[PDB]
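**Student:** Here is how the chains run, residue by residue.
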Amino acid sequence: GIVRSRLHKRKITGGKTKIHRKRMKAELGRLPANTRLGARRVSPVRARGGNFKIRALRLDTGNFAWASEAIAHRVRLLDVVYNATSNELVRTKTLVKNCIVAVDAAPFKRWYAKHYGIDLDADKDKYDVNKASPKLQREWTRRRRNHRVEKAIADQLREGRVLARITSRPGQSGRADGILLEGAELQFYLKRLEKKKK
Amino acid sequence: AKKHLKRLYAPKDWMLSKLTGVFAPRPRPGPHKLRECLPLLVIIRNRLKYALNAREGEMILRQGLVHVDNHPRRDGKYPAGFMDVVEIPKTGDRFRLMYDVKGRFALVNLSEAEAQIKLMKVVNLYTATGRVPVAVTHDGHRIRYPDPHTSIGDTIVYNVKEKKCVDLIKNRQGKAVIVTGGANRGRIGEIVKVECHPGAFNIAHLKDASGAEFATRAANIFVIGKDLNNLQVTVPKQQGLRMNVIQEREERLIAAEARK
Amino acid sequence: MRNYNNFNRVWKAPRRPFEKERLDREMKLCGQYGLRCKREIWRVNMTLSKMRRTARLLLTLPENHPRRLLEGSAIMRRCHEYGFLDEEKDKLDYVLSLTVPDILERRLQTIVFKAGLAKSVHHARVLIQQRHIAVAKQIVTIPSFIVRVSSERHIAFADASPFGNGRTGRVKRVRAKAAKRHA
Amino acid sequence: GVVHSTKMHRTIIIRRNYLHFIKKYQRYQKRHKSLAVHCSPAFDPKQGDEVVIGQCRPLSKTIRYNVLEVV
RNA sequence: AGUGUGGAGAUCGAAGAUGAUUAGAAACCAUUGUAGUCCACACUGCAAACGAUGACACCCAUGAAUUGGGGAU
RNA sequence: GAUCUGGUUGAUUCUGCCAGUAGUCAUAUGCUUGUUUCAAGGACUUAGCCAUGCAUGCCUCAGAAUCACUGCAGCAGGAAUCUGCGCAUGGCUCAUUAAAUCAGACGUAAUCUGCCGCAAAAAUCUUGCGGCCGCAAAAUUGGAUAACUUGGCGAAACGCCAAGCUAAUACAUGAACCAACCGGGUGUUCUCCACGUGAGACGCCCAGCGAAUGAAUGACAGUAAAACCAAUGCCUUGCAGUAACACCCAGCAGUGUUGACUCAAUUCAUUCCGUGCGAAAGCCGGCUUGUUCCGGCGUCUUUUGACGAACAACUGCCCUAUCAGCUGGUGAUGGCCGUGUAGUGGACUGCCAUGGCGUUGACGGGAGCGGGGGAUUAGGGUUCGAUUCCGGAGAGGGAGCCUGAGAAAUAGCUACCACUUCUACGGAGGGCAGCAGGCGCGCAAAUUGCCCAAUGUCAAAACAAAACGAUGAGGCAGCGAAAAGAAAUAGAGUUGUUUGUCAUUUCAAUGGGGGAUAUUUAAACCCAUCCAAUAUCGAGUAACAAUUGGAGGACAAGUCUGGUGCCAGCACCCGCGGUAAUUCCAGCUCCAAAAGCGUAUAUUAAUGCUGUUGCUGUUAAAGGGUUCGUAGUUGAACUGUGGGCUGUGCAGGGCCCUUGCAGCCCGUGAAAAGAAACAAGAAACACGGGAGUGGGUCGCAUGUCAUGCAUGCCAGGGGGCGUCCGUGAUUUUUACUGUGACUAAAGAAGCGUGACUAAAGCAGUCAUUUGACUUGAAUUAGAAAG
RNA sequence: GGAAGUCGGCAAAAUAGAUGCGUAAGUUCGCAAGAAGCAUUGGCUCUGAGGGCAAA
Ligand SMILES: [K+]
Ligand SMILES: [K+]
Ligand SMILES: [K+]
Ligand SMILES: [K+]
Ligand SMILES: [K+]
Ligand SMILES: [K+]
Ligand SMILES: [K+]
Ligand SMILES: [K+]
Ligand SMILES: [K+]
Ligand SMILES: [K+]
Ligand SMILES: [Mg+2]
Ligand SMILES: [Mg+2]
Ligand SMILES: [Mg+2]
Ligand SMILES: [Mg+2]
Ligand SMILES: [Mg+2]
Ligand SMILES: [Mg+2]
Ligand SMILES: [Mg+2]
Ligand SMILES: [Mg+2]
Ligand SMILES: [Mg+2]
Ligand SMILES: [Mg+2]
Ligand SMILES: [Mg+2]
Ligand SMILES: [Mg+2]
Ligand SMILES: [Mg+2]
Ligand SMILES: [Mg+2]
Ligand SMILES: [Mg+2]
Ligand SMILES: [Mg+2]
Ligand SMILES: [Mg+2]
Ligand SMILES: [Mg+2]
Ligand SMILES: [Mg+2]
Ligand SMILES: [Mg+2]
Ligand SMILES: [Mg+2]
Ligand code: NA
Ligand code: NA
Ligand code: NA
Ligand code: NA
Ligand code: NA
Ligand code: NA
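Residue numbers (the deposited numbering), protein chains in the order written: chain SK, 2 to 125, 147 to 220; chain SE, 2 to 261; chain SD, 1 to 183; chain SU, 88 to 158.
Don't read these hints as lab results, they were simulated from the structure. Incorrect hints may have been included.
Residues from chain SD that face chain SE, not an exhaustive set, calculated with beta carbons under 8 Å [claimed, not checked]:
id	residue
1	4
2	5
3	66
4	69
Here are the simulated SDA-like cross-link-like pairs (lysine to any residue), alpha carbons at most 25 Å apart as the crow flies [stated by the list, open to error]:
id	chain 1	residue 1	chain 2	residue 2
5	SE	3	SK	24
6	SK	94	SK	107
7	SE	227	SE	211
8	SE	261	SD	28
9	SK	19	SU	145
10	SE	208	SE	104
11	SK	54	SK	66
12	SU	148	SK	7
13	SD	28	SD	145
14	SE	261	SD	149
From the three backbone atoms N, C-alpha and C, an ideal C-beta is built for every residue, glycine too.
Input sequences plus hints: build the corresponding full structure.
**Tutor:** Set out below in structure tokens:
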């Protein structure tokens with residue numbers, strides 16, 4: 002079937018390799034997952050050695066990490082907004098590694114409020151920051167005195183959806199984990215998204 | 002996955018005649034490598050002569066009458082390589098597998114409190130789950146908590162009966178070593194220097210009792226004592242001293258003449 | 001198929017098939033030593049050629065060479081025990097001077113004839129091939145048996161032969177059986 | 088080796104020039120072996136420069152070496 | 001020698017013609033004669049293109065010459 | 001053994017081929033063959049085609065018997081059938097194949113890995129009783145489904161329904177407490193203390209292995225003193241002194257590994273949905289016979305190391321230019337983000353950018369499986385390698401695949417295309433480049449044998465006992481003048497006819513062979529042993545009778561005798577035959593090799609006729625018409641006499657010079673130190689987590705809530721070292737040569753060894769003994785690259 | 001069915017636009033050549049690429 006050998010490739014001299022053996026199972030390839038945005042659906046694949054690769058055909062939620070806060074939360078995937086390979090992978094809503102998506106910022110807002118006692122939504147089921155005991159209030163000031171948040175991230179949390187980058191391979195792991203875009207990476211991709219709308 | 006081993010492809014140290022058969026007992030995976038092991042069938046049939054053939058060797062072995070490292074082995078394809086203590090309690094054999102100056106395997110007879118002791122060369126060190134320091138030796142043992150001073154290349158003295166380490170000999174200059182592989186296999190000398198080549202094979206230069214300098218790759222040396230006199234294990238008859246070939250020939254001729 | 005028993009050749013034919021001098025010398029040797037064919041002479045020639053080639057290779061090397069020392073000692077020993085070379089001469093250059101008669105003297109047939117167990121060299125071959133000669137209490141039936149100097153003393157008639165401690169041969173056995181038939 | 092071509096992006100071609108001994112004629116003959124080497128942006132080698140290369144895993148269909156130092 | 005395009009065309013002269021000689025004799029020999037031969041420009045690159053002897057370097061006996069450049073009387 | 005000879009002339013000296021000559025485990029073919037030993041043996045042609053049979057199965061004390069099996073009287077064997085494991089090995093063939101394969105040398109820190117070695121494992125609310133609760137606890141888990149039975153279908157089919165049983169170590173499920181340590185998040189929770197970086201309980205939410213994503217570790221090692229403030233430890237009521245740490249642990253890791261790691265491991269955040277994780281809810285023994293008896297097994301998950309797999313490539317590897325350009329739409333060379341994979345990668349998608357290769361021969365074509373190795377050779381070489389060991393590839397041809405640790409498997413599957421076989425015409429099959437054996441094809445290659453006795457492999461398996469696992473792998477025999485070794489076909493005389501010959505005449509001996517008390521052998525068969533041990537057959541034309549080529553030369557050996565007459569023939573070549581043939585067809589004789597000897601065709605030597613060693617080019621073959629000229633090859637010198645001393649040499653012409661000895665800042669300068677010369681293998685720093693507790697150079701302090709059961713107990717300095725880090729040379733390699741490492745056997749050398757010798761083999765040997773030899777199994781060489 | 005019709009393919013049929021690939025003998029080297037051949041093409045909804053002008 003599909004192979005990953007160099008027999009079919011032309012030599013650097015331009016010559017044609019004369020193949021003198023049949024194809025092997027140790028050099029096979031397999032059809033891509035083409036993971037889409039939808040309700041979760043996966044298929045196991047028996048890889049070499051007896052192990053299993055979870056070929057994910059659709060995924061909707063995943064583990065997205067706030068790296069500067071060293072935390073992670075399981076959120077819903079709302080959209081895929083940018084792909085470096087092509088924009089057809091954005092039209093078809095294909096989830097691949099290093100693709101830019103928009104996720105649900107409510108868990109991150111709630112964790113920020115619970116950890117630092119700062120409510121982003123207030124200044125513009148939900149946690150109450152005035153209910154906290156005054157031992158926790160002393161805890162909040164100790165945490166708050168070292169840490170400052172970025173306005174670009176804070177604006178996205180208030181809006182309800184925050185951009186993120188997929189850091190897992192869905193066609194191999196079967197899951198769509200990621201990281202929130204921060205710093206110069208966020209400003210790089212935001213500029214690309216503004217070019218499309220104009 | 003190969004199951005067979007031709008007699009021509011078998012190691013020469015097994016001393017299997019090319020006309021006796023086409024095949025040789027292929028060593029099963031285990032403690033020692035296929036090229037650096039002596040199968041239990043070979044030991045019990047071609048060395049001890051207890052079994053006249055493979056059938057009788059199997060009858061001996063499958064009863065658990067042969068103990069290797071204080072554990073009965075029923076397999077005639079068991080590797081049973083260097084430093085291994087093989088004991089037959091019914092005949093009280095109790096010999097250790099070593100190398101002689103010619104490089105061939107030798108059965109050095111032991112006693113009590115010596116058949117309980119086995120030397121192991123640490124070939125790897127790694128931290129296992131739970132932050133447990135584990136040392137892997139030349140025979141496949143994984144020591145769960147070795148000496149804190151253990152390093153790759155040093156040897157440990159293992160009590161096979163109690164399954165515990167009793168001493169550690171570091172691989173330093175001046176230590177007594179036996180050569181385990183190569184052209185100088187079986188020779189015993191003291192480390193005089195170890196040329197270290199990062200990324201490549203280190204070269205240990207050794208000098209034996211007679212003062213003959215010889216070198217070998219550092220992976221072929223095995224520390225056996227703190228000095229060339231204070232060895233921690235008994236060695237074969239020649240004491241790891243290579244003899245000049247001409248002198249050996251004349252001595253053998255003189256002995257043969259004196260016999261008659 | 002899958003047999004590893006080794007075998008080689010021991011003789012080689014001469015380059016020129018018809019030389020008068022070579023044919024005359026070979027007929028001299030054949031008549032003198034009672035040989036069935038020229039192939040025995042050619043076998044002796046091949047052994048001599050191998051010995052002389054080894055001696056030349058050793059003599060090329062320096063004296064202090066360990067290979068020269070060991071192999072020259074071995075070839076000296078072999079020549080001295082097999083009687084090809086006199087014990088007085090012990091240099092490596094005396095092997096090069098060996099000749100075909102030197103080895104042809106050491107054959108069991110020639111040794112028997114010289115020792116007197118046979119009246120002729122053609123009588124000796126028959127005596128050996130007929131299981132009558134025993135070297136060191138072992139019956140030897142091969143005429144080309146090269147005799148060592150230490151084994152020269154022990155050559156005698158076999159204990160199982162009629163010319164010894166054995167029973168009478170066919171001529172007498174058959175005559176006795178015929179006499180029993182008549183009686 | 089010596090740098091032979093610098094026309095690719097982050098990749099150079101080096102030449103290893105050696106003499107091969109032909110036994111029958113007891114004489115040598117000059118031969119060369121071109122190699123595709125990945126050059127990190129930490130180095131700026133020119134054609135004819137002398138470089139040291141270390142073997143690494145396949146980075147492309149021809150690259151198996153990485154430049155370690157420019158002499 | 002041959003080719004192309006212009007010139008030139010004295011002489012000699014493949015082809016051709018005629019006269020001889022011969023058994024025959026558009027062979028040798030006579031008398032002619034075209035192309036050529038001469039030139040300009042463009043081709044060709046086929047010689048017993050030979051010293052039948054590749055190039056560069058070193059050493060190398062004798063007597064009489066010869067060409068060119070020096071130096072001395 | 002480093003060897004030549006015959007043919008060009010009237011003769012001569014050359015060049016030069018032709019012909020001779022020796023080998024070939026090198027094939028065929030002819031003629032011939034007594035004995036024994038050791039052997040190859042349908043590669044060549046047709047990777048042509050194949051009738052038939054047989055080649056891979058496996059059970060112990062230890063997974064599952066109600067055979068309606070058997071014996072015995074429950075017990076023990078047990079058909080079958082589930083279950084587990086193997087069948088990816090071995091065998092075969094060499095078709096493919098030149099950045100391929102393969103060899104030596106390296107990688108995989110780019111990966112997978114059942115069996116096997118040594119390890120590790122504290123996740124899990126289960127069960128039974130009464131009314132979610134209560135109470136208790138050697139967890140007494142649940143559905144199937146074969147074999148079987150019943151009824152069957154089908155011409156058949158290593159074809160099939162349907163219904164009734166019934167198990168597993170099959171499948172599913174599921175175990176609280178016992179039972180630890182350790183962390184993270186919290187409560188508008190209480191108790192204190194101060195008026196919050198307070199402290200302490202208590203609650204409840206999580207804290208297992210493996211996996212995913214994200215942060216943090218995974219050390220340091222190129223500077224000294226005071227202040228002040230806040231907090232915090234102490235001292236006492238200001239900093240000596242002071243591992244760290246707000247009890248219950250006063251040392252329960254401040255310290256993984258490598259040349260290198262984004263690695264090992266640890267902690268924190270969130271996740272894992274079958275696509276993980278039993279104490280098999282397993283089995284068998286002992287005893288002593290145990291709600292804690294003690295073994296032997298078996299199994300899940302995790303882990304690393306053995307056995308492997310896969311991938312990459314440092315050097316090498318035939319002929320051809322009447323093959324010079326090759327690659328790149330639609331991957332060519334690279335880059336970027338992905339995807340795929342067990343992994344790395346233009347392996348692949350998208351997007352970029354123009355690369356990559358070649359006269360040091362690319363590309364194309366032709367012949368080839370690649371090694372170890374074989375033949376032949378003074379040396380250099382030349383040739384061969386289908387074939388035993390190793391590596392690759394394939395199973396009529398292609399392709400695809402499933403299962404599995406591992407297959408792109410073929411005595412697996414699927415489909416096409418060739419061929420095929422059966423049929424009751426509806427259907428159903430096939431794959432000898434396994435073994436034996438056919439049929440073709442050719443110049444060319446054996447038995448449809450016996451056996452697992454050995455050598456191995458698989459397995460559920462020692463052997464034995466009702467009770468013998470398979471195996472065409474392998475061994476054994478048959479066939480077998482491929483090849484190799486040893487060896488017969490007579491020996492001693494008498495007499496006559498120096499010897500010798502011949503005719504006699506003896507005399508013993510021994511085989512071939514015929515047998516055996518037997519021996520061998522799995523059994524046979526060979527061999528060996530013997531022909532009485534009381535008791536064992538046999539040569540005289542020793543008919544038990546040697547052949548194949550020759551006698552002009554090369555080339556050993558007839559002017560012999562008949563035939564024949566440029567005919568028949570012969571003759572490698574030169575030649576012979578036209579009537580007194582040294583050559584033909586015969587007889588006799590002689591020659592050469594010999595159980596062998598011819599012939600054909602290759603290949604090596606001969607052949608310095610391929611010339612690197614080592615060819616030739618005025619006239620024998622062969623300097624280009626001449627110049628320029630890139631590759632390519634080749635290329636002038638020069639950094640450079642070390643001195644002194646003492647002895648000592650047919651030394652020689654105080655001097656020079658031999659050999660040895662001891663000196664030399666060993667040119668000049670400058671004086672241990674400095675200076676000068678050197679010294680990157682140096683120097684200058686600085687690291688206890690640097691040296692097996694920081695290298696040379698019994699009581700008494702600590703402190704004592706400490707297995708503090710510990711620590712110091714020379715002081716100081718100065719040096720000199722080990723390691724490890726940093727920083728510095730306006731930094732030296734390579735070929736050659738000398739050593740050393742690394743590096744399968746078989747084969748080739750070689751040491752030893754009376755297998756009766758030998759080709760062999762790695763054996764054996766020696767006392768006579770319940771055993772020695774602490775038996776031996778030496779050593780080499782083997783391109784190139786590293 | 002396919003020139004068998006007919007003096008004879010007369011007449012008819014046939015072919016075809018654009019784009020990509022590909023293309024022989026011969027040759028005055030210009031050609032032959034649209035040689036011969038293969039493939040693609042619609043409608044929709046998208047996505048790229050190819051510019052001006054002003055502004056320190
Ligand atoms: K056979
Ligand atoms: K004229
Ligand atoms: K099964
Ligand atoms: K990549
Ligand atoms: K057919
Ligand atoms: K067959
Ligand atoms: K010549
Ligand atoms: K040039
Ligand atoms: K018509
Ligand atoms: K045309
Ligand atoms: Mg789309
Ligand atoms: Mg006319
Ligand atoms: Mg011309
Ligand atoms: Mg002539
Ligand atoms: Mg195989
Ligand atoms: Mg490869
Ligand atoms: Mg072939
Ligand atoms: Mg295959
Ligand atoms: Mg076939
Ligand atoms: Mg297949
Ligand atoms: Mg088959
Ligand atoms: Mg098939
Ligand atoms: Mg006969
Ligand atoms: Mg001939
Ligand atoms: Mg000439
Ligand atoms: Mg050998
Ligand atoms: Mg038609
Ligand atoms: Mg008509
Ligand atoms: Mg018509
Ligand atoms: Mg018309
Ligand atoms: Mg053309
Ligand atoms: Na996009
Ligand atoms: Na005339
Ligand atoms: Na006339
Ligand atoms: Na010839
Ligand atoms: Na093979
Ligand atoms: Na067209």
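**Student:** Between residue 19(SK) and residue 145(SU), is the straight-line Cα distance small enough, at 25 Å or below?
**Tutor:** Distance of about 23 Å is within 25 Å: holds.
**Student:** Close enough to count: is the Cβ of residue 69(SD) nearer than 8 Å to one in chain SE?
**Tutor:** Result: holds, 6 Å to nearest chain SE Cβ.
**Student:** Does residue 7(SK) sit within 25 Å of residue 148(SU), going by the straight-line distance between their CA atoms?
**Tutor:** holds (9 Å)
**Student:** Residue 66(SD) was flagged as interface toward chain SE. Is the shortest Cβ-Cβ separation under 8 Å?
**Tutor:** At about 6 Å, which falls below the 8 Å cut-off, the nearest Cβ of chain SE leaves the hint on residue 66(SD) intact, so it holds.
**Student:** For the pair we were handed, residue 28(SD) and residue 145(SD), check the Cα-Cα distance against 25 Å.
**Tutor:** Cα-Cα ~21 Å, so holds.
**Student:** Assess, step by step, whether the Cα of residue 261(SE) is no farther than 25 Å from the Cα of residue 149(SD), and give holds or violated.
**Tutor:** holds (16 Å)
**Student:** Hinted pair, alpha-carbon criterion (25 Å max): residue 261(SE), residue 28(SD). Please report holds or violated.
**Tutor:** Judged against 25 Å, a Cα distance of about 42 Å means the pair is violated.
**Student:** Against chain SE, with CB atoms and a cut of 8 Å, does the hint on residue 4(SD) hold up?
**Tutor:** holds (5 Å)
**Student:** With the threshold set at 25 Å, check whether the alpha-carbon distance from residue 54(SK) to residue 66(SK) stays at or below it.
**Tutor:** holds (23 Å)
**Student:** Going straight from one Cα to the other, do residue 227(SE) and residue 211(SE) come out at no more than 25 Å?
**Tutor:** holds (18 Å)
**Student:** Taking 8 Å as the limit, does the beta-carbon of residue 5(SD) come near enough to a beta-carbon in chain SE?
**Tutor:** Nearest chain SE Cβ about 7 Å off; hint holds.
**Student:** Would the hint linking residue 208(SE) and residue 104(SE) be met if the CA-CA limit is 25 Å?
**Tutor:** Answer holds: residue 208(SE) to residue 104(SE) is near 17 Å, not above 25 Å.
Comparing the model with each numbered hint stated earlier shows that hint 8 is the single one that does not hold.
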